[PDB]
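The residues making up each chain are set out below.
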Amino acid sequence: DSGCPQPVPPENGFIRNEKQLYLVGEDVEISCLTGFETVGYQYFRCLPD
Amino acid sequence: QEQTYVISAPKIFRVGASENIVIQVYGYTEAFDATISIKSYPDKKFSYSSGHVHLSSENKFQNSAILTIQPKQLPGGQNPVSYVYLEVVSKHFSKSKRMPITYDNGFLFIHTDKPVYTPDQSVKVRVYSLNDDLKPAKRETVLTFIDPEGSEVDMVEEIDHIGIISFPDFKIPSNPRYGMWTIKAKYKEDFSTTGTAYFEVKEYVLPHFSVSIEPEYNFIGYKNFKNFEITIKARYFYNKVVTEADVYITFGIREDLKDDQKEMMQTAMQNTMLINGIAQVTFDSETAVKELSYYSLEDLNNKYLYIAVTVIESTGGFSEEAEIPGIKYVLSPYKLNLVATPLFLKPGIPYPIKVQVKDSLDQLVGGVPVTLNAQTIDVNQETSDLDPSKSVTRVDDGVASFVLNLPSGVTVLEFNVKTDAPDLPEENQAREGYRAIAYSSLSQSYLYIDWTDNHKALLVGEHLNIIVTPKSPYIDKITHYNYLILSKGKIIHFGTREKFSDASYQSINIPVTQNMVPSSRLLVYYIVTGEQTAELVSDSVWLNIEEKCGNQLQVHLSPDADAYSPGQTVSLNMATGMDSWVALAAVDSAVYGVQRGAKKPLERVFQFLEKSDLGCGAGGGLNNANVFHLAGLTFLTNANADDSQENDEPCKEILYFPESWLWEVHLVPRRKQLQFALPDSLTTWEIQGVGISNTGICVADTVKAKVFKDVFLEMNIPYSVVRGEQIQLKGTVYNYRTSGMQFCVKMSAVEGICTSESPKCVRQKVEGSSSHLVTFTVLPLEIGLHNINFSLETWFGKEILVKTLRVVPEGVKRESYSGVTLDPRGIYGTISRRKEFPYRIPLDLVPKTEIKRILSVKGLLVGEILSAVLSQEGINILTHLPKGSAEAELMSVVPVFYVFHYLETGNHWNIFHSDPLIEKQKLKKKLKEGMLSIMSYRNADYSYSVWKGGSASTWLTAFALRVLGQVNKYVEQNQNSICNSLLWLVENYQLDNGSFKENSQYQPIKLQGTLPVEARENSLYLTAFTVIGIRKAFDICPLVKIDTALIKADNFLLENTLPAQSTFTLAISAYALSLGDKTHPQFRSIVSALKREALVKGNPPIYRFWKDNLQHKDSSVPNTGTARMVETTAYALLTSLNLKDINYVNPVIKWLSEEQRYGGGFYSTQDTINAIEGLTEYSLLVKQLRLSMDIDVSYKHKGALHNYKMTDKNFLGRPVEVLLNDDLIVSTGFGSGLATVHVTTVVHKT
Ligand SMILES: *[C@@H]1O[C@H](CO)[C@@H](O[C@@H]2O[C@H](CO)[C@@H](O)[C@H](O)[C@H]2NC(C)=O)[C@H](O)[C@H]1NC(C)=O
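Protein chains in written order, with PDB author numbering: chain B, 641 to 689; chain A, 19 to 673, 768 to 871, 882 to 1368.
Fair warning: there could be bad hints in the mix.
What the hints assert, rightly or not - 30 Å max Cα-Cα, derived DSS-like pairs, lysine-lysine: (1) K1272/A to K659/B; (2) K659/B to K1331/A; (3) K244/A to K276/A; (4) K1213/A to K659/B; (5) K659/B to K1262/A; (6) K659/B to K1200/A; (7) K346/A to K617/A; (8) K115/A to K78/A; (9) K109/A to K78/A.
As the list claims (entries may be wrong) - Examples of chain B residues toward chain A, derived with CB under 7 Å: (10) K659; (11) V664; (12) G665; (13) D667; (14) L673; (15) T674; (16) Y681; (17) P688.
Since the hints were made in silico from the structure, they are not lab data. Ideal Cβ placement from N, Cα and C applies to all residues, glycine included.
Construct the complete structure from the given sequences, taking the supplied hints into account.
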């Protein structure tokens, strides 16, 4: 299917909605550990490639 | 075995179809009835359809039942029904067979008014919607637009009243993604057919002339490599040659038809003049490549010659770019394939073989010489050979036809076919070989269809005349043979063909009917029961039928000419064989010029109707069951055959200036006339009528109305101009009169443009049959669409091009994004009910652009709700084992709290279907009597003890506290006791690193405690247990030092746990920390460990669980080992739930619900309580995730902007334009479930 693997989050980030494989166009939401706060667009869009 | 039957049925039942099931019985002579029925599987309980059929001598014991599986009678829901019982019952026999069913009834054709759209256009779309019988389906259709990102964009459902579904126009979202958008159509309800279409959303201007690159053929080999002639032609869409132009050719060595470094060949980049619209060119690969690159030969380049061509009018402002994406350099150019060739022998019938020759980047090569050689194997492997026949392929079909006279002894033929390519060795003239096997009759009781290779299409209403010969030892007994005619899945005709006295048999004389027109399949069968044993004998042939439309809708304009004139009023006449709906679309032929080979929307629609043919190949078969299976049938018989052995891979054998208008649907009552004015475009309007009626779809002849003006201006206004750039609007005046003319062209423009020439003017002259380059320099001052009137004051009055210039602001258009996940229940924590997006005007905005903003919302559906429950046998827990001494009371009552909670957390007290535990009042009485009995165990100073006078146990006290906290949500209880017992447990038994160290109870009460690991991490176990209890109770007495104690204990767990010795301890402490800082890095590390201790079954885990110390080899009966395993699994599960990781959880709920995997029942309390807890939580979670969220979006200083009624039926938020300057609020109620809303800000930065 070529749906995207689970991405590497930013450091001190974690994947909110962990999944083994993401369908094309799934938002995976990054969120920051307790010390840290997401500034920006926390979401990665799994592209068809 | 004289008395036998065949019931013949479509291989697969289409739901909602009418399946004509035909029964033949042999050797009966008394009349009898049979019933044929479709019954639910496996229970046979519901009769979806039944048909009563009389079998008798005037029937000739042949009849059929029209059975229909009505779609709403199938149970539906989470599981589709994959199977059904076809059953027959009579006085003499009964049999039932599991038949597959398919939810795939009918056809959805999506007609998009253009292949290509600029932004800011609306894509008009309509779906033609046909039943399995090719009748108007009258089913409402869900139509889904997918941006090439693949993100769902929009869903619209429209009622089908007509078989034409005129959807609302889909306005391209205000920042589309360019490229191939997808439209998916699905029937809204039961049937799950799909239609799909594509349209390209692209910045384009309609090309003015169709530059055509027409290489002699699509490959280069030894012949061509030195010299490869390639022809350029260019014609205007009004179809007059571009009388002169400058042609620019550029070449590249393209390794693959991919985005590439083209390695352009400056050695070969070439100019030619387009003499009268044509320029022959040739490329020499030798001088080009050797002079520029290492590659000496195409031995080095099994690759592609890229070629791009620019044609510039040379006397005009228009230029058009054409390309071939690549021409294959090839050592071996061709490949063979068979067409319509059964690969099955009919011994004594001439065996036709047809090979097509395809080149690379396949097209039919037409004229390649082909030779075929074969070895003939007779019975007992008596092998022999045939002389190699030769044939040239048919020039207009690519087919080399062959016929081999085969002796009736042949058992198998294996034959090789090779290209006698004169310019190649065989080592490059590719060659292929195939096995053809005889019918393998057991009795040698053969039947042959004497179909004379009549691949020429049959004509509707002509009588078929197929000779059939049942050559059999027992032709004395074969009174008659049966035939079936198949079209799509359906048995459209069936019948019987007597033996004449001479032992000739009747031909199949039946006329070919309009229901056959795409294709048909004739199957012919008999049972002969010689000796005492029946053989089903059968054959089939592919029948190629003409694509004759049923309604034969034809469309023509009433006036006729070489060309109409702009604005000419014209009548369109639609004439049809019957009352019909007809859908009209006119598009500019230019629009296909935007692309190379843009296929007309409804190309080859009959070739799509053909895909409902359940058979494959040209007929024949390996065996009777194989003959039926390849015909797309299946059968019930007692005649010693079944096709359940016949399963196979899927079978792939081959056998004003508008751009579009007239987008209308009319009832044409056998005739109708439209009148309209032809638009001002000087172009060929391809007008496509599509008829729909009770006889299906008929895409008509595409009328091509030439719109033409003797003398005119056409202006090459680019799609878009950068604001405030000096640009030449180039153009061309054309004179197609034989006399020359003197013309003045001038530009009249709105004040949003300022202009140079400002002319009456120079009054230049143009020759006859000629065009003069015209140009204007302009500066666009302001953003938007500005009317420019180009005009041509000249003999015969005037011409005036009313045009719009489109002006875009300077710099770079940047897009940047913000969103939020709205979790109005805290599904992930903090209640994200509301968010605010300030209108943050950037520091580097270009002076007068507008910031565009666009908002959309995605519903995050919960997915698979794996549903698991306690049995009503939880009456076992309600009515538990005696309330005796030795804490047996505690074991009795503790589970009752949990079971009450479980029942509270669900429908169980909304509804019991059976065995009700509905008397929640009595259950609450028993609950509070329990809480009394446990509070009895409280000692003096708010410790608990196993006994009224026993040693104070911190373990028991934390357990009690857990219980009481859990139940305080349902029965209010005196929190002062909770405060006192909490501060007792903290102050007396906290110690650093080793929190809540246990006071000696002298024994593990293994019925209530676990048996922990004793040597090490006993303290990690106990700290975890106590932290769990406190986290369950501190919420109802949040005294500050209890929080300090939680800080201490959590820190100690986070530090000590990570090198866990035991999965049990790891699990429980993971849980305890999940109650605490869900997001601490140490916690996440421990989680990431636990998640790897997990054991699973299946490539995607179907089951997941945790075990340690091999306490699993002994799982046959519930015991301490299985108890521990269940404990540690339930802790893992609880943990996950607190992470809200449903995808993880699900296979753990599936494991936990299969009693056998842990020895049946639970053992001890802990496992049981934790399992009930986990199922409770999981239920809860699933509810919380259920998407039901009416999301308000409103500006801050103004009215509401949109209301997304997000629901699992309608989870997709259409992109809403948010173009006003207000700060933007998005909010929702308590709602339900989880959504994410995204606003993208698009702005031009200097
Ligand atoms: C371009 O020419 C058209 C006429 O062909 C102009 O449109 C007319 O404008 C006048 C004044 O506003 C109206 O009274 C007419 O009814 C309009 N006719 C039509 C058909 O729209 C248009 O204003 C001209 N534009 C420029 C920039 O010169």
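These are the hints, each one checked on the structure:
A hinted pair counts as satisfied when its Cα atoms are at most 30 Å apart, and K1272/A with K659/B qualifies at roughly 18 Å. With a C-alpha separation of about 23 Å, the suggested pairing of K659/B with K1331/A holds against the 30 Å cut-off. Pair hint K244/A plus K276/A holds up; C-alpha atoms about 25 Å apart against a cutoff of 30 Å. Pair hint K1213/A plus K659/B holds up; C-alpha atoms about 13 Å apart against a cutoff of 30 Å.
Restraint check for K659/B and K1262/A: the C-alpha separation of about 12 Å stays at or below 30 Å, so the hint holds. About 18 Å separates the Cα atoms of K659/B and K1200/A, which keeps this hinted pair within 30 Å; it holds. The suggested pairing of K346/A with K617/A holds, with an alpha-carbon distance near 23 Å, which does not exceed 30 Å. Of the pairs offered as hints, the one joining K115/A and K78/A holds, with about 25 Å between alpha carbons and a cut-off of 30 Å not exceeded.
Among the hinted pairs, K109/A with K78/A is consistent with the structure: their alpha-carbon atoms are about 17 Å apart, no more than 30 Å. Taken as an interface hint, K659/B checks out: its beta carbon lies about 6 Å from the nearest beta carbon of chain A, inside 7 Å. At a threshold of 7 Å, the smallest CB-CB gap from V664/B to chain A is about 4 Å, leaving the interface hint in force. Checking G665/B against chain A by beta carbon gives a least distance of about 4 Å; that is within 7 Å, so the hint holds.
Checking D667/B against chain A: minimum C-beta separation of about 6 Å stays under 7 Å; hint holds. A least Cβ separation of about 5 Å between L673/B and chain A falls short of the 7 Å threshold, and the interface hint therefore holds. For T674/B, the interface hint holds, the least distance from its beta-carbon to any beta-carbon of chain A being 5 Å, beneath 7 Å. Taken as an interface hint, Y681/B checks out: its beta carbon lies about 5 Å from the nearest beta carbon of chain A, inside 7 Å.
Among the interface hints, the one on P688/B holds; its C-beta lies about 5 Å from the nearest C-beta in chain A, closer than the 7 Å criterion.
Of the numbered hints listed earlier, not one is contradicted by the structure.
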